[PDB]
Amino acid sequence: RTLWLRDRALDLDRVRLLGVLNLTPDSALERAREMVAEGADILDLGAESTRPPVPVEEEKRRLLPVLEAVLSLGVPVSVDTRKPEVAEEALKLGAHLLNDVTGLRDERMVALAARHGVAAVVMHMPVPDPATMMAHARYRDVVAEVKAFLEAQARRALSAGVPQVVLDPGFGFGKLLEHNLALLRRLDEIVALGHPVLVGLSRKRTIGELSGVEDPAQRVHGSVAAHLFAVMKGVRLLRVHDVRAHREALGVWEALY
Amino acid sequence: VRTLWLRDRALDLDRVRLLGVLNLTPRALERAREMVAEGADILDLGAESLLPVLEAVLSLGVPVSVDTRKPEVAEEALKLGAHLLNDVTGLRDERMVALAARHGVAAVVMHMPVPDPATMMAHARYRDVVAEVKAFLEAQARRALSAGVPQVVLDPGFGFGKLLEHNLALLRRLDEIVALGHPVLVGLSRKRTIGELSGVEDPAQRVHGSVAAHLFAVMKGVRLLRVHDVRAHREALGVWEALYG
Ligand SMILES: Nc1ccc(C(=O)O)cc1
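Residue numbers (the entry's author numbering), protein chains in the order written: chain B, 15 to 41, 54 to 78, 82 to 286; chain A, 14 to 39, 53 to 75, 92 to 287.
Calculated directly from the structure, the hints in this document are not laboratory data.
One should not assume that every hint holds.
Unchecked claim - Which chain A residues stay away from chain B? Per the calculated CB distances, all over 10 Å, these:
| id | residue |
| --- | --- |
| 1 | 18 |
| 2 | 54 |
| 3 | 74 |
| 4 | 103 |
| 5 | 157 |
| 6 | 275 |
| 7 | 280 |
Said to hold, decoys possible - Stretches of chain B that chain A covers, calculated by requiring three or more beta carbons in the stretch to come under 8 Å of a beta carbon on chain A:
| id | stretch |
| --- | --- |
| 8 | 27–36 |
| 9 | 157–166 |
| 10 | 205–218 |
| 11 | 241–250 |
| 12 | 274–281 |
To be verified - No more than 30 Å apart at the CA atoms, straight line, and that leaves these computed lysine-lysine pairs for DSS-like:
| id | chain 1 | residue 1 | chain 2 | residue 2 |
| --- | --- | --- | --- | --- |
| 13 | B | 121 | B | 89 |
| 14 | A | 112 | A | 176 |
| 15 | A | 262 | A | 233 |
| 16 | A | 262 | A | 176 |
| 17 | A | 112 | B | 262 |
| 18 | B | 233 | B | 89 |
| 19 | A | 233 | B | 262 |
| 20 | B | 233 | A | 112 |
| 21 | B | 176 | B | 233 |
Beta carbons are placed, not taken as given, at the ideal position from N, Cα and C, and that holds for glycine.
Model the full structure from these sequences, guided by the hints.
Shown next as structure tokens:
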């Protein structure tokens, strides 16, 4: 199994890490270089917060400048945006992967991905808006519903020409602890859909709730634990903040499992 | 479910239990109450390669495990109240088997090719390390019990007279040691195996690899972990046990 990165293929015979490089206010090259040094396989840059919600119409000056710089490192770069407007400029500069939190609901995003021959991440979110997503954190059967959505969006994207689709359950996005636990426990069912699967629980509320850690910045141990469980379920792509911690844990885990 | 006998009470193994390490080798019992606050279920004290501190720590009401090769030390520790005897020699000396059965305390049987640590690495030549470790643990356990020891805990002795290849083989088939029916204890905190697999040269900076190895052991059925960073493990287990169960 491999992941297409616009002009190169990354083998998923071992877990690959997407180092998060937030380009927002509260919660580049120097840190990007550090993550690469720590073992990041892909650098995931985002300029608009999807936290459970400030809309930013011209985030081009936020991202593109850092992006161009980061792309000079020679490492694959994932662009996290829900605006076709932003993606196009990102893809034209060299982006290798498009990470869309709105789950490719926008045809413009699908069209662009297909046009540039770039894979796209389809993430589940009950509704296209992060400001009200938590307001819709209710499902008849969350696993069944998230699975159906991911598969349907992936199908829609592929038949449109998108080379490949990566599925992401979207932990924490319009989901309460119970929903995240359910998805984690049955994550193998999403892996069984045949597409590469990506997950990211780094420092999320669910980790805080289960580990009893008040400060999001001190949740690395619960985050590593959740991610190892996901790896055990077949996931080979992880979105993380602490790259070194994960590389160290995986060094042990992959030699044992 | 299964339990661990601790001199005057039983500890439920329905969930993973942590033995927090307190080494007193080359005073303030702060670290003691600190580890208990972090989530340690048992306090492991050892001053080998004690008594004054042991008496102080015991007043916390938390079970205390003592690590020693010398029976003279074990006796005085048991007489003071120690709840678990951890013999780092395979429980080869019938003198400490006698102390355990006499004080009615459980004893840990840890595997090592030979008693002396100065030459045990010269005895890391197993034809089948898993089979041989299993045979040894079972034999020592069968002997200790017949002698009156209330309960025995088995420890594969990672890093004791074992090459990386041996440690890996034991970890990968750990379920086979759990299948012997006794509570199993593992301690990979800061060990060379972790340094080798995680690429971390400084022993004090191996927490992430240690947590990963211990979660793997938990997945294999181990419910007792000897650890240095108590908090890091409690945090990881909070997530792991909620998910994997
Ligand atoms: N973007 C996000 C950041 C954090 C969380 C979360 O903690 O659940 C969810 C989404």
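| query | What are the numbers of the hints that this structure violates, sorted from low to high? | reply | 6, 7, 8, 9, 17 and 20
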